[PDB]
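First, one chain by itself: the form solved without the named molecule, in structure tokens.
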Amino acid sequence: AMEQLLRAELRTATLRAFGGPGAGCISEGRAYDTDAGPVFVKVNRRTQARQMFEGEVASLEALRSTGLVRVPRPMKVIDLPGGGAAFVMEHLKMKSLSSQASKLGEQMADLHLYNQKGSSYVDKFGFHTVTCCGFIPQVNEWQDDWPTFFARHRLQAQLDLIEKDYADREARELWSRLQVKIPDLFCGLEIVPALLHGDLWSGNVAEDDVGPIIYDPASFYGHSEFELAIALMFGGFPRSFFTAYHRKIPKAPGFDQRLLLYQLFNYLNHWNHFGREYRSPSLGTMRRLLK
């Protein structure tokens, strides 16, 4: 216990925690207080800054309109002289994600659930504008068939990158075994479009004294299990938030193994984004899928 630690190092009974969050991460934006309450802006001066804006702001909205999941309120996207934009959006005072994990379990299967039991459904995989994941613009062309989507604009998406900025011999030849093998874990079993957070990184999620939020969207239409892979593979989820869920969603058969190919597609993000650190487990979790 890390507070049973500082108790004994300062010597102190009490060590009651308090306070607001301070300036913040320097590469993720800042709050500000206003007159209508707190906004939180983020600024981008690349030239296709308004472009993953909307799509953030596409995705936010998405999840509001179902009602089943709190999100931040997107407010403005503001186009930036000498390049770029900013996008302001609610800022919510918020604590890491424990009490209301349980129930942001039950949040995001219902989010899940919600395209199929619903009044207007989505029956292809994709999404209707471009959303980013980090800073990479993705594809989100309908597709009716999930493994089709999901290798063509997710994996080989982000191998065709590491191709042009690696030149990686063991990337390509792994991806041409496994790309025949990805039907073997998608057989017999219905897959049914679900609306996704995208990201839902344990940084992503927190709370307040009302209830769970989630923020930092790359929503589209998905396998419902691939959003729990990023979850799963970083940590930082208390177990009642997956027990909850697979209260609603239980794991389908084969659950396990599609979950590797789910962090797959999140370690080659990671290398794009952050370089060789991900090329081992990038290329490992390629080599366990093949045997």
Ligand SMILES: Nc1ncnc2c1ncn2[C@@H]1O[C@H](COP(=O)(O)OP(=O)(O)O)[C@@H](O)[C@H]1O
Second form
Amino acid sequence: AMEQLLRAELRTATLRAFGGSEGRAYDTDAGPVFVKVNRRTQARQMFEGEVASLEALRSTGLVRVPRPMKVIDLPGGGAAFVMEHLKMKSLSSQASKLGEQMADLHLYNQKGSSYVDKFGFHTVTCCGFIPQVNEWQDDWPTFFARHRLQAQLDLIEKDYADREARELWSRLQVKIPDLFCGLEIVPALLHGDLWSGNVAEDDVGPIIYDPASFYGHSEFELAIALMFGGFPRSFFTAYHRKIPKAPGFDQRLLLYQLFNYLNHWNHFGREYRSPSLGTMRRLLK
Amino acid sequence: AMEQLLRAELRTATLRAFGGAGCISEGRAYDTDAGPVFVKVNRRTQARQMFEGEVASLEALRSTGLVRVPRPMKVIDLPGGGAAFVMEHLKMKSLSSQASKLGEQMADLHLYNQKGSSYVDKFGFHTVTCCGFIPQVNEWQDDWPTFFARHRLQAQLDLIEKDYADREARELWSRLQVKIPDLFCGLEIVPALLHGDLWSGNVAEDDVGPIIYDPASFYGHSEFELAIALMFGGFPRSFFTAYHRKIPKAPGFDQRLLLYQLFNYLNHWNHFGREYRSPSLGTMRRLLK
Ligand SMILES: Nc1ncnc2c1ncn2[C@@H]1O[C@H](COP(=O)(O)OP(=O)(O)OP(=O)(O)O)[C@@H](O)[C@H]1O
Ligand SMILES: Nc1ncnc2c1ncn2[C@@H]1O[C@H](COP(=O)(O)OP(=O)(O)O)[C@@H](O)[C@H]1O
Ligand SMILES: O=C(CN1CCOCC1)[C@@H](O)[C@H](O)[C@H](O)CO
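How about the form solved in complex with the named molecule, since we already have the form solved without the named molecule?
And the full complex, kicking off with our chain again.
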């Protein structure tokens, strides 16, 4: 592996690791803090959605997230978001614990005393830089098609005028209910952006951060985790011991990954055109 | 400054910036038989080219003897793609007390080509150096505005056209191209060896003085160095005071600062996505106003 190659190339018996958007940590009097800085006009709205997501996750008591402290308007535009600092390392030893916690998080709404009975959220939350509509909907395929897939494809039409995306979406949209028939879908509180880069751990347990939360189908959470990798297998094993894969899981997984590919096309451009269209074609085959 | 706002908003006396790591590569320190090393890993196809550019930049800076940077040690091809770059490990903290000293050293670095036994009378570099992930053309050119428009701004905007097909960026650039020579005020520009990526995250200090690292060097206009230092903050005022005592601002500095910041906004648009479209277009509009 890496370590072995370095030992060989450097000719050393020992090789002992040490030392572990404009985000800077700062030592502070009342304990350490971490400050995220974003200079664009919408930064406050984005950070308030992040605060709202962190607060919703914190209210469950099921997952460890950084405590939000303050959102500060910046002279010259944008905002800083100050939060509790956490010493973190890549998720490894705590992967199975995090799988358990994430499954409990997804079950929390249906199992509690204050049931949220629609898909969506009480405020706007941003997946990356793009604001999302979270308007409450009774029906999950309606919510996902309109306020996730259609929203992304409207931006693609406006900014790229992509004929293939338009034609494939015209065909795919009618097929979506086939992936949901005969199944009970319960709103589940989601982290909303559970890429491997947004999870970590300390000596006590796993930590998750940078949420973009809403009430959705639990399975949507896992799509970004699987597509970009980074999670130990034991994360998924632990998760699916509590929430087993429902029938049709692999086909819905493509639909949910499609959303993430479209969001990456809108964020980063045409490098993501091929996976977006290819995923749509796989769904149509 | 952000520090002052944070001290006020949070009500704290002290506030010291601290701290895998980096936005381009995975960075890790290891103790070894011969001492500590710092290792950067990048899994993309172009990683070797990227690190070889960094090695050439570190070597050029080290040859001046005017600044302290890590010694490059090895570039290693990885099974499965990409490369690892091993370099001297340096115990470091955020730049603070050593900022005025760094301003002096950076001005001396820029002045070295004119005052020392250096003879580079064109802009560019002897090898490819990468802006982050993006390979740059460093073809030598006698004229700096030509080099910068062709091998820095046009290169970034061609990538924006390929990946984003952004009409507004295309149309503003055609207009800005016509304006560029006016921004130079008839000045004779002298080639200066640049670090090339002097944002506050690429400078630091120890008890001997300041340290800089992660260069992407070339012979350019000295002023270009400061643009990224200014736009992302993090340098004490005394860095700039010390620097400009040695190299005063030439006429038109303030407008060229916008041109050079534009390059960095475009590069951040290409690296990090559409969050950087608004400052890129806004900067072009301000220059056209
Ligand atoms: N030689 C070194 N010794 C010790 N620590 C180092 C060394 N070089 C870099 N570091 C640390 O690693 C961090 C990342 O390094 P570097 O900036 O070279 O990486 P990068 O991935 O190219 O980052 P970016 O291009 O976003 O600045 C630095 O901010 C510093 O904290
Ligand atoms: N509360 C925190 N404490 C310490 N480090 C943090 C904290 N939040 C984030 N980080 C560090 O910053 C990195 C990016 O955080 P993230 O919230 O994903 O930022 P962004 O939304 O700008 O990408 C993380 O990978 C982690 O190393
Ligand atoms: O990553 C870099 C600069 N950063 C400054 C503001 O915070 C995020 C990026 C550069 O160091 C790199 O070489 C490349 O240009 C991509 O920026």
